[PDB]
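First comes one chain, alone, set out as structure tokens in the form deposited in one PDB entry.
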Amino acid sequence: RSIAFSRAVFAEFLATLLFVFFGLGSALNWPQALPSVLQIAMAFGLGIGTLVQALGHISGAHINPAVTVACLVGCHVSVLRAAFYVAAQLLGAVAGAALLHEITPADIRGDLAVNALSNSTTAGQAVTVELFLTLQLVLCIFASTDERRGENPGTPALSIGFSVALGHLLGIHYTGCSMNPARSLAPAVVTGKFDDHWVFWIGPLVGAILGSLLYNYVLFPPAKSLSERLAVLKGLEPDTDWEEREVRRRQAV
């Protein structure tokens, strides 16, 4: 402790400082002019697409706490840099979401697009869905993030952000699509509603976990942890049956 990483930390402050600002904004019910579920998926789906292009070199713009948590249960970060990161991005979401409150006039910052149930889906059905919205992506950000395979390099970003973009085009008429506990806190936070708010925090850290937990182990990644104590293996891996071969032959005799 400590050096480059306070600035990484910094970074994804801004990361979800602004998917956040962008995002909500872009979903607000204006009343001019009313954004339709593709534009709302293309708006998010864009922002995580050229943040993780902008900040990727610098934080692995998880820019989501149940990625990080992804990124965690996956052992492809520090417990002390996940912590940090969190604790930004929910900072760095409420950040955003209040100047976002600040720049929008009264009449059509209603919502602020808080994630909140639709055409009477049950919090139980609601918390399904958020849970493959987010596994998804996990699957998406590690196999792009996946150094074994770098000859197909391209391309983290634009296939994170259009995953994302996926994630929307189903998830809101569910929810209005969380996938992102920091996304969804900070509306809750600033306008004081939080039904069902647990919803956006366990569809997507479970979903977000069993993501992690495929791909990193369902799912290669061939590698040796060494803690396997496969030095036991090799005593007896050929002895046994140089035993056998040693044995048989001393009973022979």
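Numbering follows the first chain given and starts at 1. Definition used throughout: the rigid core is the maximal C-alpha set that superposes within 1.5 Å between two forms. What changes on going to the form deposited in another entry:
- Residue 36: CA moves less than 2 Å between the two forms after rigid-core fitting.
- Residue displacement note: residue 228 has its CA displaced by at least 2 Å between the two forms (rigid core superposed).
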The other form holds:
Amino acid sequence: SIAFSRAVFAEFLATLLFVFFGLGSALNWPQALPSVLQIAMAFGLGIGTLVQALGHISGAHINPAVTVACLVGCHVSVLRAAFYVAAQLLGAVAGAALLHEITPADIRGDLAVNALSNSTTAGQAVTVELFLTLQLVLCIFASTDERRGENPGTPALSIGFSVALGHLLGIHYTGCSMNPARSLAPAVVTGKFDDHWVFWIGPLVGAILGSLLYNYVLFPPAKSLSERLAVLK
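Could you please show the structure of the form deposited in another entry, as a counterpart to the form deposited in one PDB entry just displayed?
No partners, no molecules, just the chain.
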């Protein structure tokens, strides 16, 4: 019960730091405007650092889509999943509110809200988000799969570079979400809810798809005591 509180607090603090660093590096700085690689790197090294710092404490999900993928995959409970999602949404909004406070009003702008970009339709955008989140979930699962042992070698860096990879494509379409908490945080703070469902449906469907594809298509477990049913039939 104490260990669970430490895990929920870690999930809160991780999303707080991720959103604070992520959005802050993505803001329109007039003296030196951030590049697609620079932003991809900020979110990428953000996740990679927090997985390194907090992975052994909570699993370092830092994303409700990842927690949901984990609910379908990891032997996690619906109780832990709810407490994690709630901690991530609270941590994210706290990170976006904290950043607002420390950033001068002139720069703040859209506070790096997820917005449909380059005349992309919501239907085209929801499809990108699905694939952006699918590849992250595939990588996260492979990097943390206990059956693999110490073989992944670089889980934090791999997971981090997967977030960066998502951003190198995603930025052009939606500003890149892959995370419902990262989307809700600046949307709640700076009132902007433009096609918000895309940043929820996309990541969540992509995460569930990736979780089902990994755990039951690509690398499923061996047959359980359900084989006794096939013997009885």
